[PDB]
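Asker: The primary structure of each chain is shown beneath.
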Amino acid sequence: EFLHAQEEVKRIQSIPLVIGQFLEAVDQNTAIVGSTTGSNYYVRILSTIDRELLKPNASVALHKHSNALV
Amino acid sequence: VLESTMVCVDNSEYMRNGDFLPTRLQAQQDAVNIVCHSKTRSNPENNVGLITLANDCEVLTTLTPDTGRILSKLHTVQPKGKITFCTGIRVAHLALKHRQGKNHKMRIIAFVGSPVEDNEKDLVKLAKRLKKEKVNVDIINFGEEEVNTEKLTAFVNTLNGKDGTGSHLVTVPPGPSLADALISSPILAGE
Amino acid sequence: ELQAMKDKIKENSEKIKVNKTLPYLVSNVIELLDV
Amino acid sequence: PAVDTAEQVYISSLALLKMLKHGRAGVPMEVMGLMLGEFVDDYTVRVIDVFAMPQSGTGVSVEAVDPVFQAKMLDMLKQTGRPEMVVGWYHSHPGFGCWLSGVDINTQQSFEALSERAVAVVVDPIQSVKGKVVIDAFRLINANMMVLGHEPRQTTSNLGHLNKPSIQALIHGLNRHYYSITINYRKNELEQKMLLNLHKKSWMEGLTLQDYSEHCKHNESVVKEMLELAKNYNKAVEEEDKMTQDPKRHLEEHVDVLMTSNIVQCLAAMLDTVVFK
Amino acid sequence: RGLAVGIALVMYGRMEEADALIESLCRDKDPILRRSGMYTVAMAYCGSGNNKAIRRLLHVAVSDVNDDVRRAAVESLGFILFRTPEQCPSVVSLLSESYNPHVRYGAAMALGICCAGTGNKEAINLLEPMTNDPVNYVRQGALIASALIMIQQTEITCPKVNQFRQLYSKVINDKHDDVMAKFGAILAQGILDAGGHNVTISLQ
Amino acid sequence: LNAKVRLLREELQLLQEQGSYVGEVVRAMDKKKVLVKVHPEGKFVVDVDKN
Amino acid sequence: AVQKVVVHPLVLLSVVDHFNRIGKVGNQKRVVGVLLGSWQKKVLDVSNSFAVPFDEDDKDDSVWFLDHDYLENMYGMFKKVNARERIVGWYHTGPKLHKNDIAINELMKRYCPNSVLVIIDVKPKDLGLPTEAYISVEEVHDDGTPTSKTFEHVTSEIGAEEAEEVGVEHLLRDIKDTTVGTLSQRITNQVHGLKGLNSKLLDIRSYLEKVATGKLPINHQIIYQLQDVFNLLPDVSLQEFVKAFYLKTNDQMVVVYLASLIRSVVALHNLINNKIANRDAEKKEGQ
Amino acid sequence: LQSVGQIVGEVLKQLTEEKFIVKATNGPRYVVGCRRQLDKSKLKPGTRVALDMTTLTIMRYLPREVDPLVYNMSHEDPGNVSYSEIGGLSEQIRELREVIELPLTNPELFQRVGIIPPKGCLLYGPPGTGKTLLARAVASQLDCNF
Amino acid sequence: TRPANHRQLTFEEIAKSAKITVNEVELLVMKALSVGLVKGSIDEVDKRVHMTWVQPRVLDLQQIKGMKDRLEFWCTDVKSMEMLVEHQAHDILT
Amino acid sequence: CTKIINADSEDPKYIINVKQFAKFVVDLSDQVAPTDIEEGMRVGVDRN
Ligand SMILES: Nc1ncnc2c1ncn2[C@@H]1O[C@H](COP(=O)(O)OP(=O)(O)O)[C@@H](O)[C@H]1O
Ligand SMILES: [Zn+2]
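Residue numbers (the deposited numbering), protein chains in the order written: chain D, 71 to 140; chain b, 2 to 192; chain F, 65 to 99; chain c, 23 to 266, 278 to 310; chain U, 546 to 749; chain C, 52 to 102; chain Z, 5 to 291; chain E, 50 to 195; chain a, 283 to 376; chain A, 98 to 145.
FYI, nobody ran anything at the bench for these hints, they're computed from the structure. Check the hints yourself; a few may be wrong.
To be verified - Some chain A residues close to chain F (C-beta under 10 Å, calculated; not the full set): (1) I101; (2) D108; (3) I112; (4) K120; (5) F121.
What the hints assert, rightly or not - Far from chain D by the CB rule (all over 10 Å, computed), these chain E residues: (6) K68; (7) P77; (8) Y79; (9) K93; (10) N155; (11) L158.
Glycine included, every Cβ here is placed at the ideal spot set by N, Cα and C.
This is chain D alone, in the form it adopts within the complex:
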């Protein structure tokens, strides 16, 4: 059952994602992003995105509907 979970994670990390700018790290596994659509959202960071590499005002890719910083 732990399998299929990595699978669903890699599937939510899909191709048609939307690019945006990661503005600030509000807290663990959550942050504020600004989608290139022109609006700011308070979305949830997926796990294993190298919080160290997730610096302020970086280029990120978000789920097309959940806007999660995939």
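Use these hints to put chains b, F, c, U, C, Z, E, a and A with the ligands onto chain D, whose structure you have.
Answerer: Quick look at chains b, F, c, U, C, Z, E, a and A with the ligands alone, frame taken from chain D:
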């Protein structure tokens, strides 16, 4: 009279016969046209289908109340192959079973002018079976009368059983006019 | 067959009617290409 | 006589596949169709099959029902051998979640007036992405009961609940005007097998050998990445010990993939070499 | 559902003469019939600690696809093990921290049935964290199981009954509390106060 | 393993849940109501939750 | 002709539902319908299907009542509902052909030039796909034998659009297997492959016995194909192949050995950490 | 009826073989996938692209933008004058025609000689001795893009 | 007639076959290859010919019986090794 | 409204310029006379 009917039309090579002016093909075409017209005019809610008896039987129009499409489809029928009356009648029985309207009388008219080559035992057995499924077979004979008269009489007798006048046989050895004979036949008199 | 073709004229006409739901949009025809 | 929160719509596999296919076969249009089935007693809506409807041009509304088409196909399917009434109607809301608009409420009201146990099914092809089938079933509430204050739907069993209603539907009136219904699937064993046949792997695939050149190249790629991860793992463990993880996890993943791939290919090679001679 | 419970009741007390029917039901494809099979196992090997039945129930509880069947299997396990109340927590504790909320609810109810009217300590300890869960019915089952276990227990004998009574009062008196959690709390108060503090619940 | 699986399931649920807007508080007018302007669309009075 | 045909899960489920429907409403030997799809080169894609009323005599094997009017009516209706789908074949749920199938295919070829017959076995097999694809070709046998109109096998496959694919995955989530190679599943896959190969060899052997005893005639194409099989059998006793195979086995096993060494080292490190943590905890608890 | 318009955008970076960062003009920038029948090599930064509306996949490339000025400049250029219509300046015709045409048609002459082909010439002169006509003639003869 | 196990053919045995001295078996095999009937190679250094293909032809009942026997042996081997593998890995098969 | 496209006699097919949003075309209906409705001044378009 609520009714579902199947016109079984023979289109074997023997329809090339020119005895019926202009040819047997147009003679039987006008015959089916007139009989379908009469039956449709009688209780238009009745429905009509068309079976062709060839080397391998075929169905050209499932039970429908319209006669124009039936006539148009039949117009393209051509003489070819040989008649298979058993397969034709069984296909007609299947189609009547499949008829949408169950409040109808199961009748089948067949222009069977040809030398029918079928065994007498299975012939009478099939006639009795059709009687069991309550079929009314009308048989138009024009052709090898000397050959098929006894078999058509066996049809009529077995189907009637006792008082079962529903089945009819009309034979027309001479060729004055097939349409005239059929209109002045007892089958269409009640319609 | 002409009657069936007239029925197909009818289906074309109803196709136009359904796809021509009037509240259209207006757009420039900027650029024009073909393959 | 008030409907309780145990009524459940049993959507057949065929019905679901047809509905989702039609949604993605006409997105972004609001496709519509009837749902042929049979209410069993009072707590079941067994949706045997669904019913595609021609694109009526006027979006989705009662004007798109096309009664002549509906009745003629009803009779024709009945002839085919599918004698079921018209239990509810399905219609897609591409992208815009699952809920009822004003026209949707009007159409559902007409359906309830025809027979006050039908349902309105909503499917979202865009958001029904792989692994998630966002479908919903709804029925209206009566203004007289709502004003009287009695709850719209009785609660005699712990079923019916157990579901978190979407905030989208809450805003669009998930309880003020209508209420959701639980969706069950009647997965027969035969249908499940025939679905499995989709990605079922043929014995050729099972017993075939992966290309040896590509196999060696992949082995080298993974082994070199494992070497780098081993260097990082040593650095991490040494610094941890001196002071008193991701490298270990990645190393475990790489070792597992190497072992499985290599053992699989070697065993397949032996099976083949002493099965085919 | 009714037929399932009825079959289970019919095949009561028959420790081993039922194995054929248990096998048939457990093999059957209908999830409700598999649940009936779990109930049949419980009623058959009721109050016996029969390890074959325990193994079957547990394997179903972690193998079958229907969460209803999993929950029923865990409850039936409790039914099997009530005769040695201290023994069941050792098993159902590992389930209690399960990812399947139906399995968690089954663990709650199994502990409650097993240690009913016993005032066991580790059972209450396990129930508490479950009493604080994000899911609704798991909280409901935890509350009801705690009521069953602590029925007729003074604070001195069980130094947590006052805390759970206050917890019941709090959970009942709340704005945002889930309906099912409130229902479980109300039934828990009823059970804990059942019989005017004169009747206990014992399966033997 | 159970902790791993539970973490992944919670992550799946939360990610599949949609996002949230960000707004600047113009004024905390009235109890339980907060006037907040959200870029780019207009400014709304929100019914603040309990936490 | 057409070289490949790919059926869809929607078609599969529609066929299964049709057969179950007919069986429930009355015992029957077969159920028949039409297959709508689209053409892209000689790769037909059956994207939909629909039943048609049909019954035949089991004894005479020459009388049946396919309803062409029904067929055309519902084809027009499905054309109205969705445009880009046209009659491409017909399906029947018969484990065996019949002497009528050719006549019904003659009936269907009026609607489609390259009409494809599809035998769909509702009974679930375990080795191959449940659908078989046939096409009627009649020609002067260059074999000089009397020519009789008969079918020809067509490569068949199961494929789904994204819509049907997500739907089927959601239906199958309960028993769906991991979409990734796990060692146990791969071993089971090899075992299943051996099962399939054994079954195919047994079937070929039964046919060969039938021909040898004489209950059947001899198909030159079949003999040619089996000749090609036996002639394509490899030779695994050759030294220049044995050496290469040993080399590759040694390479794979050195990779496996390095992997196992790393895994053991990691396990020992974990055990060391556990020992340290346990001793620290016990010391703290004592003091 | 069964056609639907795509979305015009421009690639910005060839990410992993299947992922392309495409900026929808007058809109946001996505990461999208490329359908089967396309030339990933053909797809390069700055190339126009027709993404799908729903799945935002690269349906097919599209040629680079055309500026209005350059369009009016190039696509509308009526040039049809034979060298016979340039009466004098036979020598200057020789030099021009040489430099412009010969490297275009039959560059193997330059390859064999060893010299690299020339690019451009000044062609300066008093106000109306004939320069636009002299260029129009060579443009018409070459029938290339003027 | 020669099976794939020992499909190597020799100039000498071809000579013992259709009457020709061993200086033109090369040309005979060459003509076969060219017309596209058999495939393989010729190693005249050791005076042998390797075949890996034969234009299939209609056969006789005795030949089919022998082929059936060969396939009997092949199927028996396949079943034996299937049983071996399943028994060995019984504790990991899903 | 920006134009009436001559009203094409019947089927007026008016043009609208919904501000900051878009420009569309409309039949309107439900009013008395296609001409006395409006020529070039403010109007209320229905939502859907
Ligand atoms: N050698 C020539 N033969 C024919 N016409 C000429 C010649 N030289 C100049 N002209 C005429 O003089 C005009 C010069 O126009 P144009 O070429 O546009 O300007 P410029 O002479 O400055 O290049 C042309 O229209 C052309 O007809
Ligand atoms: Zn709607």
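Asker: All the hints need checking, so say for each whether the structure fits it.
Answerer: Cross-check of the supplied hints:
Of the supplied interface hints, the one on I101/A is violated, with its beta-carbon coming no nearer than about 14 Å to a beta-carbon of chain F, more than 10 Å. Restraint check, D108/A versus chain F: the minimum CB separation of about 8 Å is within 10 Å; hint holds. Hint status for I112/A: holds, given a least beta-carbon distance of 7 Å to chain F, under 10 Å. Below 10 Å, beta-carbon pairs count as interface contacts, and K120/A has one with chain F at about 5 Å; its hint therefore holds.
With its C-beta approaching chain F no nearer than about 6 Å, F121/A sits inside the 10 Å limit, and its interface hint holds. For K68/E, the non-interface assignment is contradicted: its Cβ lies about 7 Å from the closest Cβ of chain D, within the 10 Å cut-off. At roughly 4 Å from the closest C-beta of chain D, the C-beta of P77/E falls inside 10 Å, breaking its exclusion from the interface. With 10 Å as the threshold on Cβ separation, the claim that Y79/E sits away from chain D is violated: the shortest Cβ distance comes to roughly 5 Å.
Consistency note on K93/E: stated as away from chain D, and its beta-carbon is indeed over 10 Å from all of that chain's, at 19 Å minimum. For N155/E, the shortest C-beta to C-beta distance to chain D comes to about 49 Å, beyond the 10 Å cut-off, and the non-interface label holds. Every CB of chain D lies more than 10 Å from the CB of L158/E, the least distance being 52 Å, so the non-interface label holds.
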